[PDB]
Amino acid sequence: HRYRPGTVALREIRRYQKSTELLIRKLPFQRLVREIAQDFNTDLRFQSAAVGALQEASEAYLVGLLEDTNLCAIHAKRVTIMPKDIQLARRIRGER
Amino acid sequence: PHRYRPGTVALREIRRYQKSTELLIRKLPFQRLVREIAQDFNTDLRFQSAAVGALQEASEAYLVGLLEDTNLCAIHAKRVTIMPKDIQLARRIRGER
Amino acid sequence: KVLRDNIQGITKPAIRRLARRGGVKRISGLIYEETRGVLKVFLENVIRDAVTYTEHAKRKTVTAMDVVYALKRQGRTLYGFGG
Amino acid sequence: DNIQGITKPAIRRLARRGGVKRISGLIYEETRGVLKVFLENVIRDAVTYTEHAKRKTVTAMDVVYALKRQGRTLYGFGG
Amino acid sequence: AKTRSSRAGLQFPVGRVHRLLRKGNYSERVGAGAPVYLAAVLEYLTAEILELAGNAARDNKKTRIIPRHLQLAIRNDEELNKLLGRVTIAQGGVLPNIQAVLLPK
Amino acid sequence: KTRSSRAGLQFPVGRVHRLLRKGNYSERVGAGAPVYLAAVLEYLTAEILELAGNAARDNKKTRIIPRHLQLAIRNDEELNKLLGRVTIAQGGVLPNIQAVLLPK
Amino acid sequence: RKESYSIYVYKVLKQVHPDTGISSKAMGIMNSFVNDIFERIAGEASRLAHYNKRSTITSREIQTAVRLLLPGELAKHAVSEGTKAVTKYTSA
Amino acid sequence: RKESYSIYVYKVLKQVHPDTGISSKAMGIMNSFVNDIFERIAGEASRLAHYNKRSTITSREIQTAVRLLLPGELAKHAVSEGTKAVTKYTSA
DNA sequence: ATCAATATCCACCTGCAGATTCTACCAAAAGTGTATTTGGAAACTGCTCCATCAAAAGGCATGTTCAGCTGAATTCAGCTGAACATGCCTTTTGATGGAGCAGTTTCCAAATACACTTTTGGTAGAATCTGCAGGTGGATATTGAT
DNA sequence: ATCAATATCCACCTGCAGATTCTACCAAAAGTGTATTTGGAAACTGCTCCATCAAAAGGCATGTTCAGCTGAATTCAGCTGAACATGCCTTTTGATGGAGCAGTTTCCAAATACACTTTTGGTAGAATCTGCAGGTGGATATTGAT
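The listed protein sequences derive, respectively, from chains E, A, B, F, C, G, D and H. Under the entry's author numbering, the first residue of the first sequence carries the number 38, and numbering increases by one thereafter. Under the entry's author numbering, the first residue of the second sequence carries the number 37, and numbering increases by one thereafter. Under the entry's author numbering, the first residue of the third sequence carries the number 20, and numbering increases by one thereafter. Under the entry's author numbering, the first residue of the fourth sequence carries the number 24, and numbering increases by one thereafter. Under the entry's author numbering, the first residue of the fifth sequence carries the number 14, and numbering increases by one thereafter. Under the entry's author numbering, the first residue of the sixth sequence carries the number 15, and numbering increases by one thereafter. Under the entry's author numbering, the first residue of the seventh sequence carries the number 33, and numbering increases by one thereafter. Under the entry's author numbering, the first residue of the eighth sequence carries the number 33, and numbering increases by one thereafter.
Just so you know, the hints here were simulated from the structure itself, not pulled from any lab data. A portion of the hints provided could be inaccurate.
Here are the simulated BS3-like cross-link-like pairs (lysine-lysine), alpha carbons at most 25 Å apart as the crow flies [stated by the list, open to error]: (1) D:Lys108 - C:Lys95; (2) D:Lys34 - F:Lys77; (3) A:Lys114 - E:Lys114; (4) C:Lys36 - D:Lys34; (5) H:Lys46 - H:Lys57; (6) D:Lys116 - B:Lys77; (7) A:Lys114 - B:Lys77; (8) B:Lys31 - B:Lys59; (9) A:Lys55 - G:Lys15; (10) C:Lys36 - A:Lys121.
Now the stretches of chain C that chain D is said to cover, found in silico as 3 or more residues with beta-carbon under 8 Å [unchecked claim]: (11) 31-37; (12) 72-85.
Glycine included, every Cβ here is placed at the ideal spot set by N, Cα and C.
Please construct the entire structure, taking both the sequences and the accompanying hints into account.
Now the structure itself:
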């Protein structure tokens, strides 16, 4: 038995739209945040709640951006999102 | 019997109006519109000329921006022609709807 | 005189010029009405807030500063009219 | 280095919550780039807040103030 | 010897709001009625959100309101959704929405 | 003798101080704040006036008009991002035509 | 130390939904909401007063701020309950 | 009546472009620019002082506000001219 | 439409991590009594504002023709999703040290609060410039035809 | 690609009326000089809060296979939107009158801000409670294939 492509995609969409947990792993994200921060100031130290806040903000931002992206792909008669879509979404948004 | 091919005069106009800064909507109809809307909000309001002027500058600026976002949305869909679907997409991405 | 249906006062050629400045080459026939709708919503919002400002000041003239404060509220800051 | 730490399945999950059905292979790098820029801006402003307080620990409130600046108001960690 | 909140028939603290207003730097002077009015509005908006969220809670067979119910409540109601259009609710998730074109046929 | 002269500034430090005190920004206003602020305002004014002067000269004009200001702001990335959500009356737009729309 | 709106939110919750409870994170979100709306209203009121050369913020400023800030019928219900609280406060 | 930044803008204009003039509308736009930036800076500073429970806005708050508000080189030049103006003011 | 193979609920249970109640200090409204503004309630100007008037202009609405573009249909190669087998690291739990906070006192360098003394920016006429609105004339692009 | 013929920028000059620059006086900021507060920096320090460290587990990423379905490319016809010339009217714009406003002053009764003295609600940890998060197992739907 094997499912047809896109069936499991829809299943996943329903699942993760149903749930609210963080999707990015906390440790790699924390490592990333500490890298980016270090280049700004060298001996910074971080509250756990600060990393949590940053992860919530980031995941929310990205998901919103990805649904705007999806709308641009649908608009272009496509079912698949591409970097051109993200760029269009971000320029319409006025982020660049 | 001379005739320019379609889109030649369009591009020429684009250059023309992109070079200039003048208001494109005629002042009297716009004033009429603003006074209408304002009247249906409040009946005894009166308008400074500068108020309508400000409104027209703001509005034309807004519309022009919206129409370039629209144009980008048309180009993205492999089209040269802007459509209401394009405006709707631009406005939802902007977060206006 | 009674003010009625002035949104149609905004003409197809005017909208077309606005499109040209926006760099638009070809325009669907359905666009003009949609454009009018958008302009109407925009003006309703901005003038609603301007009018609110005029009302709070207990004045009966909407001033340019009322318009500017309204625009600034909407995230559409304007230069050149006193604010 | 750790920017690549954010994995393809993770970005895929983010796309799933966003309602995305099919994902181009080129997407993931673009996503990583965007996330990087976003964090750069936000953390820059937060860090600025921490420095002005003459502190050396970034607090949740610093992040919240930064987010507020960027037009991305956040509830539940404030504030 | 009774609080201003009770005088206004409110649960929200009028005194605290008053203090936050004058120390807030919004103006040199704060009217006597202003903190009352503001506290009333805050109490009302909290009320609306809490009721709709409570409904979200009952609907998902829970007796304790969690952030998700707050998110559902906010986004499913037009006015609250527009009030908080530029606001992120932690652990709120998103509304379940799938574009028709992505659906099988 | 004025504080502007002491700071070596063209922008009025005193006026900035007054506006700070009337603004309700804080209970107290520091002595250095109006100086610093007036300095930054004067600098930003300077930058914009330089780029605008350039645009004016580039269009063979000796008098700066709003169009020149708009050109200045939009052609410089940093000013463009500082005033990204700002509308300049009678400023117009940058001449930009999408490649795909040009005739070939 | 650490002033919060928790008790008042819980009171209102018990008014509207007597056996509904509320989690910690949810309470935090509610606090954030209260502070945010507070600062929008108060900010807009401050600007209102400053525009009209007034040195005082009355309930009138709060009201106009609500009319500007809130959308539609949410705004008119808020204005009505505000006016109601104010008149009832003025009495005795 | 109707105090304006016109004179100062004209001074700066004559410094950078000695034979460039400026129209009324252009000057008006400049005034709008000055007032806008002014209130962004002062606002951000006010928020800064309020976050750190300080009742006074020093040149420090203004500097941090500039660093938050301005992007890249705009910020570094602004901070340098500010610090220079403050030190020069303190020495005279 | 039926047949098997997953996947998804839905019910039902129970201990616990986390929500609710409970108990006492204390910061912070509230209450009293004086000390200051102020925002209107009338009274009054000086001005933009509404509403015409009257030609003329140029811009708009209409209708006709046709080219180029949009959308429908087909083909097909490419790539991305489904599933699986492997192994890597992130997740949990607990402890330990101490670093960077806030929390308290103390006390000046800095800011606020008045009352005069000057200087300046604003406003209103006086005295120049500069785009602008045309006007050909010189090259440029567009289009049709050899 | 040339030839030729429309129409179109593209430039430079020129005279000139509308703004721009320039000049000359006066309320109101700005600055001075003294008298008081005060806020917040400096100087110790008690504590939550972060940063490592260690180790075991299993929860997911990685990498690979392989096929189905999507996106990109081509073709092409129908019709929708561009271009243009007509003709007609709504807009421009240049002044005119009378008016209904904000905008200013002059005061006051009402409302708010202080300065201390008391009176509770708020809040912080301990002491109880209580949904719910997981955890199975079986009824129903979903999916893919004959």
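Going through the hints against the structure:
| no. | hint | in the structure |
| --- | --- | --- |
| 1 | D:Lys108 - C:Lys95 | holds (16 Å) |
| 2 | D:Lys34 - F:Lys77 | holds (21 Å) |
| 3 | A:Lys114 - E:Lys114 | holds (10 Å) |
| 4 | C:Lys36 - D:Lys34 | holds (16 Å) |
| 5 | H:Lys46 - H:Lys57 | holds (18 Å) |
| 6 | D:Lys116 - B:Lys77 | holds (23 Å) |
| 7 | A:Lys114 - B:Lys77 | violated (53 Å) |
| 8 | B:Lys31 - B:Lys59 | holds (15 Å) |
| 9 | A:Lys55 - G:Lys15 | violated (48 Å) |
| 10 | C:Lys36 - A:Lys121 | violated (50 Å) |
| 11 | 31-37 | holds (count 3) |
| 12 | 72-85 | holds (count 7) |
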